[PDB]
Amino acid sequence: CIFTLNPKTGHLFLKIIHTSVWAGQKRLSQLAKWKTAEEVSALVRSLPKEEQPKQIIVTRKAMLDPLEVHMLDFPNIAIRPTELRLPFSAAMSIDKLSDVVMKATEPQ
Amino acid sequence: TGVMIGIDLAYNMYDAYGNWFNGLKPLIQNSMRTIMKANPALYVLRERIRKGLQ
Amino acid sequence: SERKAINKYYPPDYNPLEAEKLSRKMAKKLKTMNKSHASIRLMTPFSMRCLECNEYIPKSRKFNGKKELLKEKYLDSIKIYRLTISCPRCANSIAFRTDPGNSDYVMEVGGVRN
Amino acid sequence: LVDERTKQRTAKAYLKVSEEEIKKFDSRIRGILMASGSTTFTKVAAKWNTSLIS
Amino acid sequence: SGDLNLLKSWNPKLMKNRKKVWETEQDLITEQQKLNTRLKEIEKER
Amino acid sequence: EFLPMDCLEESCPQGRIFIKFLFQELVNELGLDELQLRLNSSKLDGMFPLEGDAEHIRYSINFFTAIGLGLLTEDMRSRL
Amino acid sequence: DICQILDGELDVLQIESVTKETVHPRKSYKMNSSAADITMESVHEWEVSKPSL
RNA sequence: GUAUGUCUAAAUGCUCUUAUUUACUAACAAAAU
RNA sequence: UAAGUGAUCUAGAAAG
Ligand SMILES: [Mg+2]
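Chains as they are written, first to last, in PDB author numbering: chain X, 1878 to 1985; chain U, 1771 to 1824; chain B, 2 to 115; chain Z, 1288 to 1341; chain S, 3 to 48; chain G, 395 to 402, 410 to 481; chain D, 1664 to 1716.
Treat the hints with care, as some may be off.
Below, simulated DSBU-like cross-link-like pairs (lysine-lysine); rule was C-alpha separation at most 30 angstroms, straight line [said to hold, decoys possible]:
#	chain 1	residue 1	chain 2	residue 2
1	B	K60	X	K1903
2	X	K1903	B	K26
3	X	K1912	U	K1807
4	B	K9	B	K30
5	U	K1821	X	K1910
6	S	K18	B	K67
7	S	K10	Z	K1334
8	S	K22	B	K36
9	B	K63	S	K15
10	X	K1912	D	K1690
11	B	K36	S	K18
12	X	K1938	U	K1821
13	S	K36	B	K74
14	B	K36	S	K15
15	B	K60	S	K18
16	S	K22	B	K74
17	S	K22	B	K63
18	U	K1795	X	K1910
19	D	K1690	U	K1807
20	S	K22	B	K72
21	U	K1807	D	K1683
22	B	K9	X	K1903
23	S	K15	U	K1821
24	B	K26	D	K1690
25	S	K15	B	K60
26	X	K1912	U	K1795
27	S	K22	X	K1910
28	X	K1926	U	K1821
29	B	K5	D	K1693
30	B	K60	S	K42
31	S	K21	B	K72
32	S	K10	B	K72
33	S	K10	B	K80
34	X	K1926	U	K1807
35	X	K1885	S	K18
36	S	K18	B	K72
37	X	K1903	D	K1690
38	B	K22	D	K1693
39	S	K36	Z	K1330
Quick caveat, the hints were computed from the structure, so don't treat them as lab data.
Model the full structure from these sequences, guided by the hints.
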């Protein structure tokens, strides 16, 4: 999954990454980061100018650069790091979400 | 018949040439653009260049 | 054949990644590269006395030392090194550490600074 | 050259850098060049500029 | 030439290394300050 | 190099000062009397209008006086 | 990346299979010669244009 | 200009980490407005 | 009555 949470409205824009993405690949972690960045960019594009963010906050330290690269089209949107080891890694601990993740036959 | 994609690494220019079928070319162009914006390897290269130049 | 040589010859079958992998596989087995106290040439900044035979090795005197990494770093992400030397007369292993808090060195059971 | 009373440009005075000065300049240039097998191109350039400006 | 050590990485008296060290301290120091203040606040509250 | 051909109450701020400057330059280059002679030689109605024209030349004279010059007085005398 | 793109848009452009050829490692940096990296089989017969940009 | 010298009897595949370097060499050269 | 034609050095490799 790519857990993308709006903390104002509670809109979890959950992109489900499928097993078919990782087929016959290498340098996998790096690839994943890039993929995530791409997804984020797509999401941003989808959102209209009123609903678009200001600060896209990132949980991990090394998700900045790729995101930045992908978000050169949207320079108004800043990309923010954080000292907080936020608990959004426990999105899969939530049941319904987990179920949804399990039951996916495509990128969704 | 085919196509020769080409990416000038030192100028970051890209272009391709060859044979095309209906609806392909725009898509291809888009893909190329995407790659230029963000391919991991290309990004790495850019970073390296920056480092070299400071 | 000449120090500024642009391109080293490779065999006609040289999968570079594969080659690298092979090397790695034969790096654990390897004698050198899989060891500590890799050599170095260094002048002595401390200007100190060899504790065994009292040989007064002065400042800037050149030696073929051994640089080794000290696992316990300074603070977090700035390494410190043990720099082994031998006294000219008696073959006692002098060494020193580079603690960068003071922008200077520390003696390590070799000799004494004066 | 001007007459202070009448304010007339009454005479001319043609100038030329005396040969000694030229020689000195040349020497300076040589100095800049010599003892510069290392130097950061930029430093050399700066030196040259300084010389030239002087 | 004279002093060799000056053309070594490991040499701490080399300027680059010193700069790096300073940077490390500066970041770490800042962090400490951030935390230190918090600690102080907590103490006050207590 | 140029021929002295020049086209000159209302027209007096920047323009007047420019004119003054020009005159000064001329003086520097030539020599006063010589310069005057040269001026006379060309038609020159604008710089020095000869005809009195009901105290209109007074202004010109005043201007000339402001930047050390001759012949103005003579001109004034001529007209009365 | 190209391969991925092709995969994404298979049935849209009538593509049977997108075969990435097993080229010699140095093919990237053989500037004299070249080789087809991504061979591309069609389902129906493509009516291609002349060599163009 | 990357010094040198002595010394010599005749486990297998696997993958994952990188926007770096325990990197080494100093023979080479050395100034200001 | 008459301006404005032409002159164009170079050019890298080793070792130290
Ligand atoms: Mg020699």
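Taking the hints in turn, this is what the structure says about them:
no., hint, verdict
1, B:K60 / X:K1903, "violated (52 angstroms)"
2, X:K1903 / B:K26, "holds (19 angstroms)"
3, X:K1912 / U:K1807, "holds (13 angstroms)"
4, B:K9 / B:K30, "holds (25 angstroms)"
5, U:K1821 / X:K1910, "holds (22 angstroms)"
6, S:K18 / B:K67, "holds (22 angstroms)"
7, S:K10 / Z:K1334, "holds (29 angstroms)"
8, S:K22 / B:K36, "holds (27 angstroms)"
9, B:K63 / S:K15, "holds (17 angstroms)"
10, X:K1912 / D:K1690, "holds (27 angstroms)"
11, B:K36 / S:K18, "holds (28 angstroms)"
12, X:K1938 / U:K1821, "holds (20 angstroms)"
13, S:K36 / B:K74, "holds (23 angstroms)"
14, B:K36 / S:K15, "holds (27 angstroms)"
15, B:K60 / S:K18, "holds (22 angstroms)"
16, S:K22 / B:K74, "holds (14 angstroms)"
17, S:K22 / B:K63, "holds (27 angstroms)"
18, U:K1795 / X:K1910, "holds (29 angstroms)"
19, D:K1690 / U:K1807, "holds (24 angstroms)"
20, S:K22 / B:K72, "holds (19 angstroms)"
21, U:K1807 / D:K1683, "holds (23 angstroms)"
22, B:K9 / X:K1903, "holds (28 angstroms)"
23, S:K15 / U:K1821, "holds (24 angstroms)"
24, B:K26 / D:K1690, "holds (26 angstroms)"
25, S:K15 / B:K60, "holds (14 angstroms)"
26, X:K1912 / U:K1795, "holds (24 angstroms)"
27, S:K22 / X:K1910, "holds (28 angstroms)"
28, X:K1926 / U:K1821, "violated (35 angstroms)"
29, B:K5 / D:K1693, "holds (23 angstroms)"
30, B:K60 / S:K42, "violated (48 angstroms)"
31, S:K21 / B:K72, "holds (22 angstroms)"
32, S:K10 / B:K72, "holds (20 angstroms)"
33, S:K10 / B:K80, "holds (14 angstroms)"
34, X:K1926 / U:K1807, "holds (22 angstroms)"
35, X:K1885 / S:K18, "violated (45 angstroms)"
36, S:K18 / B:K72, "holds (21 angstroms)"
37, X:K1903 / D:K1690, "holds (20 angstroms)"
38, B:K22 / D:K1693, "holds (23 angstroms)"
39, S:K36 / Z:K1330, "violated (43 angstroms)"
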